[PDB]
Structure formats: C-alpha cells, structure tokens
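Asker: Letter by letter, the chains look like this.
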Amino acid sequence: XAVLX
Amino acid sequence: XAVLX
Amino acid sequence: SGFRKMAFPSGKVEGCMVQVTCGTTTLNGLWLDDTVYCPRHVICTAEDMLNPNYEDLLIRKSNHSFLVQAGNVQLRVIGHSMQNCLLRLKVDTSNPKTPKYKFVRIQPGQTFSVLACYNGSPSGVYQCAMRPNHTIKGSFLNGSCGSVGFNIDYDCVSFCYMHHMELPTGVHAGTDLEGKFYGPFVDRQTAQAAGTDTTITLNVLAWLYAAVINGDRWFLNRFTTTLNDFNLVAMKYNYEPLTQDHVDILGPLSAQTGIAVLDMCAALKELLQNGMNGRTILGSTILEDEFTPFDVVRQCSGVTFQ
Amino acid sequence: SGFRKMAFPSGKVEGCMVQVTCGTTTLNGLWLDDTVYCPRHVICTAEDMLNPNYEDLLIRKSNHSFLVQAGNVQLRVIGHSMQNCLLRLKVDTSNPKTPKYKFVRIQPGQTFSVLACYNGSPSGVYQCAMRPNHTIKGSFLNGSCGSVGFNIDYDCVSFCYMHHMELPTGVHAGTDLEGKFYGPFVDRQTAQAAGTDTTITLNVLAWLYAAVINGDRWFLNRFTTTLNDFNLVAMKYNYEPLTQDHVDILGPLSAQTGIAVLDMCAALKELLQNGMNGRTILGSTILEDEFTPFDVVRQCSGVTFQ
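Residue numbers (the entry's author numbering), protein chains in the order written: chain B, 1 to 5; chain B', 1 to 5; chain A, 1 to 306; chain A', 1 to 306. A prime marks a further copy of an entry chain.
Hints listed in this document are in silico derivations from the structure and should not be mistaken for laboratory results. Some clues are possibly wrong.
Stated by the list, open to error - Derived coverage of chain A' by chain B' (criterion: at least 3 residues anywhere in the stretch with Cβ under 8 angstroms from a Cβ of chain B'; other residues may be distant): (1) 161 to 167; (2) 228 to 236.
What the hints assert, rightly or not - Computed from the model, here is a short list of chain A' residues facing chain A with C-beta under 10 angstroms: (3) 1; (4) 6; (5) 12; (6) 123; (7) 141; (8) 189; (9) 193; (10) 195; (11) 214; (12) 284; (13) 285; (14) 298; (15) 299.
We treat Cβ as the ideally placed atom computed from N, Cα and C, and that holds for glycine.
Construct the complete structure from the given sequences, taking the supplied hints into account.
Answerer: What follows is the structure in structure tokens.
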C-alpha cells in the first residue's frame, strides 16, 4: 500500500 | 579559548 | 568545527514553486521558463488512483482543465503533454526567477536537499540520501506531491527529484525530472513495498574521515584489512560491499588525513564488531551513512585538526 | 509520515546577506532596508582579538574604512555606530529584497534555522536549538561570522541570532540582532568555556508526542507520575526539571494523542531508567531534544495515526 502524496 | 569566527 | 546534515540554500528553488489544480486535486509544480512540471496523478480523483490509465484520463482534459497559480498570479496553460510520470504544462509566461538549472538522475547513496511544499508554498527544507533501495526517508504530508529535491553547484540548480508517494513503511518514492521513477515503483495506489535496504558503506567511511578532519581519532586502530576480508564483515552487518571504485573516491579524504582507506576500513570493521562502547563520533552514537565524500569535503575544513 | 530536523526555506534571508570588509578582515553582514548589521570584531586585526577596546578601535575608523559588497555591487557606507556587539553600517541604498522582519531574542530550548554564509555568499542551511547553556551546536568555519539564525512566520522573518565565535568544545556562541550575547560570553579571544549543559525535557516530551502522532506507541506504559517524582529522575539523568508551565505547553499535543502529560512523563521516566532496548523512536536510537512542541505541530499531521 502505496499512497500517492 | 574562545575563537572569533 | 561541528558537523550537521546541511541542506543547500533554497531560495533559487522557492521561486519556482507553483500550485497546480485539476478538478478537486491540487499539488505542487515546478515552473522553469515557460513550463510547469508536476506529478501526472494530479489528473486523478481518489477513484482513479487504484487503477488509473493516464493516457485515457489525460486525453479527456483540455489546457483549461488545468489551473496554475504562482503566488496570487494565475498562469494560463497553453499546452500539455505527458513525459513518463510527469505532466509538462506550457504556460503563457516565462518564470522571471528561473535559475540556471539542469535535470540530473542521481544515483543511490547520493544526497540532495528537499524543499517540502504545500499548495505551491514552500514550508521547510532538509537534506536526505537516495537509499540503496531507491526510496528516501523524507517528511511529507498530504499535499506535498510535486515537492522537489535538488543540489546546487555554484549558481546552477541540479534538480533530481519530484515527490509522488509514500510506501507502507513510511518512506517516500518519486521520480527524476523526466518523470522516471527511482526504483521499481509505479504511480498508482496498489500494494507496493520498499525492497530490503542496506547501509551506504562509502558514506560511513567518508563520515569517519570527517570525524578525523575535525580532530577525533578514538576509533582508529593498528590494523588493516583486505577489501575481501572487509566485505565478509560488511555482508554480516548488511553494509554494501566496498569496491575499488569506493576506495578510489576516498583518495582525497585519505590524503587529507594520512589514513589509508583500508586502514579506515579496518577501523570500521572494529566499530561494527565491537560497537562504540558508549562513545560518540561527531556527536552521534550510531554510524552515520547520509553524508557522501563530496558532502564531507564541502562542509569540513580543508585543514585537518592534527 | 516521517520526521526530519527541518529548516525554514532560506530565500528571504539569502537576499539579505552581504560581505563586509574592514582592512584585511572580511565577514558576513545582514542588509535590511538601509542598514547592514555585522559583528563588531570585523574592525579587529588578529592582534586586536585578545584584548580589543572596541570603543577605541572604532573611533579610529571612518565610513570609508568599511567596504560593503552585495553580490558584485559595492554599497557605500554613509554612517556607522556600535550597538553592543554589532556594528550598524548605514548605506546609501535600501535593500530591495528586504523581507518583512522582526528582531527577537529567543529563549533557551527554542529552535531556529541557520544560514551558514562565507564572503556574503550563503552556503548551507540547517536547524538547531539554543542550548540551556546558551550555545548552539552549529557547523561553522573561518569566515562564517555574521551568518544568521532565524524563524519564519507566514512571510515575516524573525531574526534571532548572528554568529560570532567558537568555544573549545567545538560549540558556537553569538548574539541576538541587537548585539547582546546569548550566555556569559564576550567577543574577545580569551579563555572562555561553555557551562555545563542539560537535556531539554520539554522537547524530548514533544518529540515522544510526535512519535505517537506518527503511529508509534511502543514506549508507553500503564504508569503515571507526579511532577515531583519525575524531577527526581530528571536530576539523576541531567534533564531540565519539568515545570507546570511545560505541562501546560504540552496541552494541544496531549489532546491530539489522548495521552496525559504526566503519563507521557511516566513513559519518559521508564525510557530513562531502562534504555530503549535496541529499539528506535522516529528513527532514532536516542532521546531527541532539538524539536520544540511548536516544531512538532508544524511538521506532524494534525490527525494522529491511531
């Protein structure tokens, strides 16, 4: 879980 | 021994 | 005297930060001449983030789909294109504060300054290193995407990073200014994880050289080591293998201190096997790896405190 | 996520740095409106440094005794005076890059950003804290005097430090922008030594609050403590006594995390008596004291990672 900023 | 910059 | 994680003065970069809005998504962009660079995910709504097709999402946008604000000045977009993971928005005005610059793709272990920004307004600056696993341990909150990393040589800004995302372990990933990610990461909210990291051996050595230049030799010893025997210890402690190229890079520091590289490696091997026994080095209780040989020469005196 | 010693963007300050020369001594000065502020020791030659009488040395100078260079532009001095340990050189031009500003005298434990400069050219920026013993652990080489410390609120620069000297332990001392030294130091090369220092308790607590806001609670415990019992442990470990005022300052952080101040003090007491047992907090193996409660609120999310 990559969260785009 | 304080050295002035 | 002293040694600090020092960032480059950020002024030349503060003048290039703008805000880019597409729909209800707002983030930071970099305005150089007549172009604004920003993360392509600015064209995503939260629902587009899991499986976005950027080619498809973008063709549905027009130039006026993008709002670009520099300060309290609105810039008008007159063209747009995608370059890997960035968007290049051509605007009708050239940034009069554009500094001399270059776009560089930095290598793992190298360091750079980050100008954390929100809504096109710079808020802080700090130094960091590109980790061997291609992430950086930054400090970023929602709205920080589009914030950039850079180095300054004389009066040329070398941009090398644009922030795009955070991984589960709290570390950060992004791209160079051509929009190509550092590492195997992609710009979508799927399961991704930083790979196993390693300590940057070359930097730890450089930092031990800095400690000597600054007058401290407590950790040195009477031994020496071969590159190979050192690497057996490095593997055991999860340090990058030392290479002949690393030894060559350490030449100047070695010459300034009179300590042969492999003798310093022997010192490091001992610190690794024995610990620091309650002592510190340049104020630290741990072996620091975020200062390159270049960072040491930049910051330390060119005269060793013998 | 993440937590870094973050400095304020330095641009507003880079535009105020100039070089001041008197004879063969050159250092940095701060140009605001039509005045340039710099360490008064710029009027000393190396022989004047042990026992300088500044009143006497200064009366022997004229306005043209001073050369002020802003970039590659020479400024002309049309007046000069001494204010405590600084010189105020009135020049014939007003700095067009002067930001909104204030001069503030910061208190021990507070933090600020330092813009290290040489020959009027900014070279690096880093964050630091005014230690309880009134020194700062900076990174300065010959030629750095006149470099300044500051904080930025909205778009107002609050200047609070000007660098003047280094003490034997490698730490630094200087003055506020009215030329009054922080600490009992004087601007002459006599035997002086930093007094015994202490850990800034309030900051260590704030930083433990930051760790929780960022999702980490490993160091918490089921206990609590009275202010008094905590202070007995603080004395033993050379930490500043905790006061009711400190407890009040920690109110917001305490409210954001749901951890009562004295329960966090109980956590700290335990960390102090037991160590960290191989663990880290916000990436650190030691208890960090250079982040104030304000620095935490500034940098951390306003939403705790529960």
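Asker: Now, for every hint given, state plainly whether the structure supports it.
Answerer: The hints, checked one at a time:
Here the stretch 161 to 167 of chain A' counts 5 residues with a CB under 8 angstroms from a CB of chain B', which clears the bar of 3, and the coverage holds. Counting residues of the stretch 228 to 236 of chain A' whose C-beta lies closer than 8 angstroms to any C-beta of chain B' gives 0; at least three are required, and the coverage claim is violated. Below 10 angstroms, beta-carbon pairs count as interface contacts, and residue 1 (chain A') has one with chain A at about 4 angstroms; its hint therefore holds. Interface hint status for residue 6 (chain A'): upheld, as the beta-carbon distance to the closest one in chain A is roughly 4 angstroms, under 10 angstroms.
Below 10 angstroms, beta-carbon pairs count as interface contacts, and residue 12 (chain A') has one with chain A at about 8 angstroms; its hint therefore holds. Interface hint at residue 123 (chain A'): satisfied, since its Cβ lies 7 angstroms from the closest Cβ of chain A, which is below the 10 angstroms cut-off. Annotation: interface hint on residue 141 (chain A') holds; nearest CB of chain A at approximately 5 angstroms, less than 10 angstroms. Residue-level restraint check for residue 189 (chain A') is violated (minimum Cβ-Cβ distance to chain A is 15 angstroms; threshold 10 angstroms).
A distance limit of 10 angstroms between C-beta atoms decides the matter here; for residue 193 (chain A') the minimum to chain A is near 15 angstroms, and the interface restraint is violated. Hint status for residue 195 (chain A') relative to chain A: violated, with the closest Cβ pair at about 18 angstroms, above 10 angstroms. Among the interface hints, the one on residue 214 (chain A') holds; its C-beta lies about 8 angstroms from the nearest C-beta in chain A, closer than the 10 angstroms criterion. Here the hint on residue 284 (chain A') is kept, as its CB sits about 9 angstroms from the closest CB of chain A, short of 10 angstroms.
With 10 angstroms as the threshold, the beta carbon of residue 285 (chain A') comes within range of chain A, its nearest partner Cβ sitting at about 6 angstroms, so the hint holds. Proximity of residue 298 (chain A') to chain A holds as hinted, the smallest CB-CB distance being about 8 angstroms (cut-off 10 angstroms). Annotation: interface hint on residue 299 (chain A') holds; nearest CB of chain A at approximately 6 angstroms, less than 10 angstroms.
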